[PDB]
Amino acid sequence: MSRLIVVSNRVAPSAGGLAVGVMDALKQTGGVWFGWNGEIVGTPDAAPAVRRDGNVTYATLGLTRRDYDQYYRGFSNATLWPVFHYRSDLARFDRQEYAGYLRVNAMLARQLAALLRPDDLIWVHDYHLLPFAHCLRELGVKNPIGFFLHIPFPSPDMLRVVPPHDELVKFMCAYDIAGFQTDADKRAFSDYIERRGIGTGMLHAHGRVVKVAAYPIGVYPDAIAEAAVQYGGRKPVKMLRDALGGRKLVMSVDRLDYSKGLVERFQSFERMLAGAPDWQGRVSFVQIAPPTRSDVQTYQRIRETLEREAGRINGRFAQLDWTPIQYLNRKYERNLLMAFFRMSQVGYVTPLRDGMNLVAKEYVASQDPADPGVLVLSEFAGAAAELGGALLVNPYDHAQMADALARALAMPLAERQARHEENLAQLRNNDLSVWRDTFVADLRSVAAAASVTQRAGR
Amino acid sequence: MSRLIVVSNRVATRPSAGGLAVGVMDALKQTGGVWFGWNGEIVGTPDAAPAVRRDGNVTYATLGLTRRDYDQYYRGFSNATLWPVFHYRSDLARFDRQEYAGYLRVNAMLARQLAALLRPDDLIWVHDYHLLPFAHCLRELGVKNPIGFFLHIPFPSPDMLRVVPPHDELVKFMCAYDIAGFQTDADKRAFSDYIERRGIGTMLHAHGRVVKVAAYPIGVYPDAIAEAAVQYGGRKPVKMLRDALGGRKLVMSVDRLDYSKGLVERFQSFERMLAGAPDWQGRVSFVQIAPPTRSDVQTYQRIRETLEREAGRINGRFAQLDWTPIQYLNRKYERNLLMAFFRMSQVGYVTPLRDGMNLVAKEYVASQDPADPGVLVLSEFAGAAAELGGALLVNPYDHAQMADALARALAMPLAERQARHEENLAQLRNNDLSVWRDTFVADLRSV
Amino acid sequence: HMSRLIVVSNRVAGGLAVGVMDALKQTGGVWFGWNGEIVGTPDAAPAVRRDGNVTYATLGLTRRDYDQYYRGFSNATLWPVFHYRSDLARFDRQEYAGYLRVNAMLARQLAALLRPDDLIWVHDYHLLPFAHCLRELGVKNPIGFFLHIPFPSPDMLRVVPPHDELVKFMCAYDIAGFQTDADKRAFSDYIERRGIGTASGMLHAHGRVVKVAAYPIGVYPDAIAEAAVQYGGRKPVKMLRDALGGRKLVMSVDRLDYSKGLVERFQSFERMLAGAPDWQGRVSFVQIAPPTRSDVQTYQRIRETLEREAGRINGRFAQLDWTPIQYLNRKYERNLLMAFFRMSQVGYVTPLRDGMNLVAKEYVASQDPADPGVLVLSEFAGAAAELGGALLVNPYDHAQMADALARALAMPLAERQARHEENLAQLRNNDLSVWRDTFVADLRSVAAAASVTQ
Amino acid sequence: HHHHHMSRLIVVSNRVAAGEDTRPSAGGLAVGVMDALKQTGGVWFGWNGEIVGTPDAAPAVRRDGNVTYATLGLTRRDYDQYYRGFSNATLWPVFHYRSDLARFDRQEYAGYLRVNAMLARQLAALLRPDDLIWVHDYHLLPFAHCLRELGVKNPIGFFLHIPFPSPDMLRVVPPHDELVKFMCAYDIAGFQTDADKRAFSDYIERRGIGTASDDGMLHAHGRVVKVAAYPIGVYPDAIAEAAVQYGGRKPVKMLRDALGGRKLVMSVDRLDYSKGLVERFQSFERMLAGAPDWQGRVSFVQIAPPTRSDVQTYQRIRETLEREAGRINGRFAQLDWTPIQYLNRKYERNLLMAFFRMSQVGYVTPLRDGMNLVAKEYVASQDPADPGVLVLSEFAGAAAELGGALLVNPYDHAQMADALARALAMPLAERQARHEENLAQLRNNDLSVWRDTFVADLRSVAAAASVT
Ligand SMILES: O=c1ccn([C@@H]2O[C@H](COP(=O)(O)OP(=O)(O)O)[C@@H](O)[C@H]2O)c(=O)[nH]1
Ligand SMILES: O=c1ccn([C@@H]2O[C@H](COP(=O)(O)OP(=O)(O)O)[C@@H](O)[C@H]2O)c(=O)[nH]1
Ligand SMILES: O=c1ccn([C@@H]2O[C@H](COP(=O)(O)OP(=O)(O)O)[C@@H](O)[C@H]2O)c(=O)[nH]1
Ligand SMILES: O=c1ccn([C@@H]2O[C@H](COP(=O)(O)OP(=O)(O)O)[C@@H](O)[C@H]2O)c(=O)[nH]1
Ligand SMILES: [Mg+2]
Ligand SMILES: [Mg+2]
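Residue numbers (the working numbering), protein chains in the order written: chain A, 1 to 458; chain B, 1 to 447; chain C, 1 to 454; chain D, 1 to 468.
Everything labelled a hint here was simulated from the structure, so no lab data went into it. Do not rely on the hints blindly, as some may be mistaken.
What the hints assert, rightly or not - A short list of chain A residues far from chain C (calculated; beta carbon distances all over 10 Å):
| id | residue |
| --- | --- |
| 1 | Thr64 |
| 2 | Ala214 |
| 3 | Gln230 |
| 4 | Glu304 |
| 5 | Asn314 |
Unchecked claim - Simulated DEER-style distance windows between Cβ atoms:
| id | chain 1 | residue 1 | chain 2 | residue 2 | range |
| --- | --- | --- | --- | --- | --- |
| 6 | D | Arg297 | B | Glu334 | 50 to 60 Å |
| 7 | A | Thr200 | B | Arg53 | 49 to 59 Å |
| 8 | D | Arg76 | C | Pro291 | 41 to 51 Å |
| 9 | B | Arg97 | C | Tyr332 | 28 to 38 Å |
| 10 | C | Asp22 | D | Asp215 | 51 to 61 Å |
| 11 | A | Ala399 | C | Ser294 | 21 to 31 Å |
| 12 | A | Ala99 | D | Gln315 | 21 to 31 Å |
| 13 | A | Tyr332 | D | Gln107 | 54 to 64 Å |
| 14 | A | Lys235 | C | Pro291 | 34 to 44 Å |
| 15 | D | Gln315 | C | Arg193 | 36 to 46 Å |
Cβ atoms here follow ideal geometry from the backbone N, Cα and C, with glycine treated the same way.
Build the full structure now, drawing on both the sequences and the hints.
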């Protein structure tokens with residue numbers, strides 16, 4: 001078989017992440033996983049480090065401080081990330097950072113080209129690598145190259161906040177396949193090309209033909225359930241169950257990102273306690289929130305605001321034996337988290353914007369079907385398009401969020417089971433295999449032809 | 001001929017000032033029409049009836065609002081939810097259910113007062129985001145008259161509008177109008193996109209009604225502005241600026257101190273130019289006229305504090321003993337004085353982050369001397385950017401591009417400056433304020 | 001033939017009541033001040049109710065009166081400066097004039113109730129001008145003043161622009177009483193070193209003679225201990241006991257004031273947990289901090305800063321069954337607090353400046369002598385001058401505070417008993433009776449001295 | 001000729017002047033000490049301002065004629081703990097009565113001690129038995145103690161340029177007792193003012209550490225210390241000549257032409273929170289609000305170069321001041337009038353003198369200042385035929401000497417605004433009476449008195465004290 005070449009920013013089953021999504025395809029084809037090893041080095045690396053683990057080969061590379069600052073911390077995380085989440089107020093464009101972004105893409109692309117074989121299928125992942133296919137084409141690479149964006153793709157009126165948006169869209173048309181999480185994301189990309197006169201489910205633009213499609217990432221719901229049962233007796237689980245002592249449990253797990261709406265989430269739980277005082281002392285909200293991107297200033301500000309809200313809300317409602325919001329910056333093993341979800345009565349997942357959000361899907365998959373919890377889900381998560389059994393909320397409406405918490409906490413068993421079974425059927429109908437197998441098959445349908453009109457499958 | 005009924009948040013009167021009055025007065029004068037709305041005053045108890053004053057041929061019907069009305073209608077939902085979201089600032093949005101209910105209550109209270117004054121054939125023209133529910137309230141009172149709406153600010157695309165929690169109800173309210181008018185095509189498509197892509201409707205057919213959806217970009221009177229700029233060129237404030245500039249080039253800005261206007265990005269870009277081209281230090285002056293706005297809204301206090309700090313930091317960095325780099329003034333000036341400032345300047349610097357149209361951009365072009373015209377540096381997120389192809393268009397999130405555009409504007413040769421001004425001037429004469437007024441009134445007479 | 005005691009204070013009913021009531025009962029005296037109600041128009045005369053032997057003469061205030069008594073000069077200039085916070089002082093001339101005007105209005109209302117031999121006892125910084133206002137109405141009675149908060153040294157006092165007029169006002173009192181010796185010497189230093197007057201412990205200044213003295217306020221330690229036992233079985237006490245589940249308890253009770261050093265306190269406990277990780281999950285810090293002066297911008301700033309620190313620290317160290325800092329904005333009945341103190345192993349009292357701090361004294365008095373807790377106390381509290389059994393700390397040194405917490409938590413029974421008996425003997429040697437009896441006796445000596453040629 | 005006639009003066013300070021900064025027209029410690037260094041063939045020892053990647057083995061020794069400069073670099077860790085940390089984040093705020101800005105850290109204090117000991121070890125190898133050692137300012141409180149532990153028996157004098165706070169404030173510094181103990185290792189502890197030396201004596205007497213006796217000598221920590229005040233002055237007649245000589249330089253003409261007849265209020269300050277710049281700006285605003293006829297007729301020029309930018313407290317006060325400049329100018333500016341001309345650039349000191357002379361008012365209102373020489377420099381720059389008015393904070397040490405100044409409490413904005421208006425309206429005769437009174441003070445305590453008096457004490461105290 002042709003090798004599958006996976007390219008992502010950071011090269012790695014219990015831990016989720018990209019590895020569990022792509023590993024079987026790498027193992028099947030004897031493929032390669034190429035990318036950055038997370039290290040900073042003082043001088044650029046001459047060649048990639050090649051480690052072979054059975055059938056899969058790992059090719060990693062270091063980055064300089066200047067690379068890290070301009071490619072990752074800068075343009076990716078201070079321009080693309082805030083804009084793609086509809087936060088133009090947090091965007092900071094810098095010309096030298098953007099040039100560093102392009103330079104790193106080219107450096108990575110030339111390093112990969114030296115490892116390529118003519119029949120390799122190339123699968124590039126996420127916003128760090130928008131230019132990667134374009135860079136490969138300029139090196140003469142004719143292989144099929146597919147792209148998958150894990151985060152939202154903003155509508156044109158928001159994308160334009162990124163100053164090189166036009167060049168970025170041209171770069172994306174170097175991919176034979178541009179995959180997105182949801183239909184809305186793909187429509188945003190198509191709307192940009194059509195409504196700006198750039199081109200006309202195939203897109204014809206910038207002298208190429210592009211397949212534009214949605215491949216919403218799912219999970220392995222049956223494995224998650226087994227893991228949640230297997231870990232139900234670990235010490236952290238007994239610790240939390242002893243602490244609740246019969247109180248109902250609202251559970252959240254989020255990177256401490258401004259995309260996750262943690263402040264709105266905290267204030268809405270406060271609003272529910274004030275409006276339904278009989279809940280005071282009878283429910284506990286646990287928020288596990290490991291820090292992320294601490295070296296980006298926007299993340300320091302959102303973290304300080306959340307800490308103040310935790311202190312203010314807890315000072316307002318705490319009793320001598322009750323902390324209303326248990327806020328923890330510690331990271332927990334993924335299997336423990338599933339057992340936390342199963343124990344809980346409510347999953348509270350209210351991002352202001354999210355490509356998909358797997359926590360929402362993992363929350364449903366952890367539940368006991370005989371006594372399942374309720375998912376309260378922001379309508380701005382990509383997962384809202386599938387999880388119809390969730391209570392959908394608008395996170396800018398704190399009163400609506402508070403009512404949904406109260407409804408979730410008091411919901412009779414029968415409706416909890418109906419909503420859970422509806423959501424569970426969705427997870428089984430679109431598990432992680434569908435994302436992998438469908439994208440891999442679409443890549444296998446592209447021909448490595450010189451005529452642009454011959455590449456496309458059908 | 002049926003009289004035109006103008007409905008807006010504030011009721012004005014002279015043509016030397018701008019505002020809605022200059023846009024609607026001649027149609028009110030032509031039709032013997034009525035201007036209905038709030039008199040700007042706050043009352044302790046709600047008024048039973050509107051105050052009716054007739055100034056020649058036009059009738060003014062005014063009413064006061066209570067403190068609670070003010071807090072929830074004007075300060076609340078309108079200015080704390082609609083204004084930030086419609087300007088793509090989801091971080092500044094604060095939705096409150098009680099404020100939104102008060103927004104609806106005030107609209108209905110105004111609507112019940114208007115219905116008692118109406119005639120069966122009156123043409124009703126409603127203006128701007130404070131009054132999205134107004135047509136709906138009138139239909140529920142049995143009003144069958146033609147009712148048109150014109151939105152002065154942008155209409156956000158569906159992914160941004162959804163930040164407003166009662167977004168579906170508001171779009172339903174907008175379909176009560178026979179005409180949904182917007183500044184630009186992009187605004188009209190965002191409204192169409194919501195209805196079509198959410199399966200509400202299919203002219204638009206939605207909520208059991210038929211709605212004409214169109215764009216009517218507001219213009220100006222470029223020949224009148226040019227004349228005023230010449231007539232006021234010798235007023236004392238104009239001489240003060242001229243003598244003080246003393247050969248330095250002049251960059252002019254006039255903006256409400258709104259977070260929509262990009263004042264911080266604008267200041268930092270001028271700093272960036274001075275840092276990158278040190279020869280300009282002492283040779284150019286940036287005048288920013290920025291009267292305060294909505295001072296009782298906390299988000300407006302924060303942007304003001306941030307802008308004052310930047311003025312102090314930047315002037316402290318580059319000022320010399322006879323040179324203040326950025327002259328920052330919180331004063332309001334007579335509109336005719338502004339035209340004389342615009343004409344005197346070499347660059348108009350108008351870089352909003354989001355703006356429904358921006359008439360300052362159009363007024364700036366119209367003031368210039370065609371024998372020696374200034375250059376317009378204009379943000380691509382202003383509605384005016386769709387018409388003023390002669391401007392140097394910039395993305396305000398790119399400080400380097402803004403600084404390069406300023407430097408390019410300040411040095412642009414006469415021949416290229418004249419070509420750009422003539423391109424923009426022709427557009428202004430093609431779509432002057434008459435076109436906006438006559439076309440909306442003509443469409444209303446067709447309902 | 002016993003003269004009435006007239007008590008003048010902010011509000012007429014622990015607290016000030018327990019300190020002065022026995023003297024009011026003994027003399028058939030009067031307590032004068034504000035009744036807690038607001039009026040649309042000024043009250044003509046005070047409302048006079050007689051409760052057995054004590055008369056309560058109370059007055060309403062208008063919104064303008066209330067504003068310039070509490071909100072203005074007293075709390076925006078005097079309070080921050082006397083607590084060494086020159087950065088928080090906001091002097092305003094009209095506020096200061098309103099401060100004098102309100103004192104004069106209260107004084108004119110009180111003068112009409114006075115008998116020529118009444119003994120007048122004025123309390124705290126809202127009422128510095130009160131004696132002056134009375135003298136200008138012709139009042140010759142003995143008038144004593146007691147300042148409950150610190151008196152700053154002349155270099156800090158001068159931050160208050162009318163510092164000279166205010167000290168002249170204090171010399172209208174026959175007695176200027178302070179919490180500690182350092183406070184009275186700061187007042188003496190201003191008068192002596194600025195050439196205003198001379199000593200002879202009597203001060204001769206502004207043509208008057210003023211007795212300058214310290215009267216440190218105490219408690220009733222034996223009453224506090226009995227109350228702690230009597231309330232040891234209430235539901236809130238059992239709630240806390242059960243929730244601790246063997247964990248050690250560090251207790252704090254403070255108004256949310258910037259003088260209380262709450263931010264430094266939280267960070268020192270954070271530093272202690274960081275440097276001694278085995279304490280994580282084995283000790284809990286309870287901070288009861290009811291809000292105070294919430295409509296004042298300076299107090300909102302410290303409150304926001306403290307909440308953020310609570311959230312940051314708990315986020316750093318909490319476990320799924322352990323909240324490191326239990327921060328509560330609730331107020332508790334005073335008798336419940338004594339039971340909380342008694343249950344705890346450490347009392348944590350770290351003001352950056354405090355006139356006395358009675359919580360520190362209440363904490364010690366609550367303890368079981370068979371198993372007593374340890375007091376960790378800032379040396380900038382007035383109580384530090386008496387409570388030598390405490391672990392004294394400088395709150396600007398977080399490491400010292402963290403070390404003292406650790407030492408308090410591990411201290412053997414013998415040393416805890418030695419330190420506790422030292423603090424208890426002090427409390428019994430200077431209980432609240434001493435403050436009352438000494439000041440009243442001094443007031444009776446001004447009146448006696450007037451009966452005889454000096 | 002094997003023998004040296006005069007004992008060398010060894011000046012020890014945090015920063016040793018080099019290059020342009022040795023010139024008399026620059027100011028600083030150099031103009032205070034150079035004549036004694038030249039007279040005695042002395043040495044100036046201390047840090048060269050540089051950061052080195054590894055500690056220096058020995059000092060760099062440069063000779064300028066008769067004077068030797070012996071300097072050393074500091075490591076980043078040394079700099080962070082000695083200079084940025086304990087000196088500038090603990091001592092400086094506390095000694096200026098800002099307990100709210102003070103931040104103690106044990107590791108920083110240890111590095112402060114370590115750096116003092118390292119510097120003392122390097123100096124000890126250069127000393128001769130009769131050298132007179134003159135140590136300067138709060139960075140070096142421990143220096144004499146470290147030298148005594150190396151066996152140094154020389155006369156060592158200390159002069160504090162900043163205030164010494166009273167005991168209730170000094171105690172905010174956690175190692176206060178140790179630091180006072182260290183200060184008693186000096187044969188002389190010199191201060192700016194009587195209030196400063198009394199605060200030091202108050203600490204020792206009221207804490208039972210020692211007693212005062214035999215006229216001005218303190219007996220504490222087993223030593224005898226002369227405690228005295230030596231208020232620093234200026235060269236008023238040299239300042240006058242510089243102000244006239246530079247009256248035609250381009251920056252001066254630029255300012256003159258831009259004012260165009262408007263009155264000029266002049267301030268020069270490092271951007272320190274001790275200098276009261278926010279209160280100063282807001283009081284000028286209050287004057288403009290209360291006296292609108294002044295709008296457009298007077299300009300406030302504030303030259304405020306940045307200082308200690310890597311200390312967070314300095315970043316915050318700067319941000320607050322920038323916001324105030326922007327807000328006040330937005331409120332009152334006209335199209336040809338900037339009310340507050342706020343400049344962060346540094347100017348040649350002689351240019352500053354020509355600015356002071358041109359102005360009508362010197363506006364010098366620190367919340368706390370050891371002395372403040374700008375206030376004295378302002379007086380000296382004036383033309384006696386038409387002199388400007390000094391508006392001066394009572395919390396500057398110079399307030400005790402400049403009796404012709406208008407004294408203000410900067411915590412009272414209304415008084416400061418009134419003083420500005422009073423200064424702007426003052427008739428010539430009273431301006432001259434006040435100016436001549438201040439000028440005579442400057443001439444009768446010029447910079448020579450500070451130097452000759454301290455050097456005289458160094459030449460005699462330790463020896464006179466050895467008499468039984
Ligand atoms: O302490 C944590 C936090 C998160 N996760 C995992 O990290 C992923 C988070 O992905 P999601 O789509 O929810 O959001 P993202 O973090 O990618 O924005 C999920 O698989 C979580 O199970 C985890 O294992 N431990
Ligand atoms: O001191 C001022 C400030 C503004 N304007 C006028 O206010 C309008 C500003 O409208 P624009 O469309 O530019 O933006 P908006 O202020 O309506 O958001 C223009 O007609 C300006 O001439 C004025 O006359 N004087
Ligand atoms: O919720 C509370 C808080 C405080 N106190 C009491 O209030 C006093 C606190 O006074 P302290 O002298 O300690 O400081 P102050 O608050 O007067 O500055 C003590 O008697 C406490 O027991 C109380 O009864 N309940
Ligand atoms: O830009 C400036 C600022 C200050 N100075 C000089 O620096 C000293 C300031 O000392 P002062 O005692 O007034 O205060 P300090 O800065 O020492 O605290 C004076 O000699 C001023 O002439 C200077 O030459 N240029
Ligand atoms: Mg105990
Ligand atoms: Mg002068």
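For each hint, the structure was consulted:
1. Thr64: holds, 32 Å
2. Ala214: holds, 37 Å
3. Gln230: holds, 19 Å
4. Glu304: For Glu304 (chain A), whose nearest Cβ neighbour in chain C is about 6 Å away, the distance does not exceed 10 Å, so it is violated.
5. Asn314: violated, 6 Å
6. D:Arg297 - B:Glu334: 50 to 60 Å: violated, 24 Å
7. A:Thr200 - B:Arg53: 49 to 59 Å: Given about 58 Å between the Cβ atoms, the range holds.
8. D:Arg76 - C:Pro291: 41 to 51 Å: For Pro291 (chain C) against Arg76 (chain D), whose Cβ atoms are near 44 Å apart, the range 41 to 51 Å holds.
9. B:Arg97 - C:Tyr332: 28 to 38 Å: holds, 35 Å
10. C:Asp22 - D:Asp215: 51 to 61 Å: holds, 54 Å
11. A:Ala399 - C:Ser294: 21 to 31 Å: holds, 25 Å
12. A:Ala99 - D:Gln315: 21 to 31 Å: Given range 21 to 31 Å: holds, Cβ gap about 30 Å.
13. A:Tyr332 - D:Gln107: 54 to 64 Å: violated, 33 Å
14. A:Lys235 - C:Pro291: 34 to 44 Å: Between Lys235 (chain A) and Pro291 (chain C), where Cβ atoms are some 39 Å apart, the hint holds.
15. D:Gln315 - C:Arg193: 36 to 46 Å: Given a distance of about 37 Å, which is inside 36 to 46 Å, the answer is holds.
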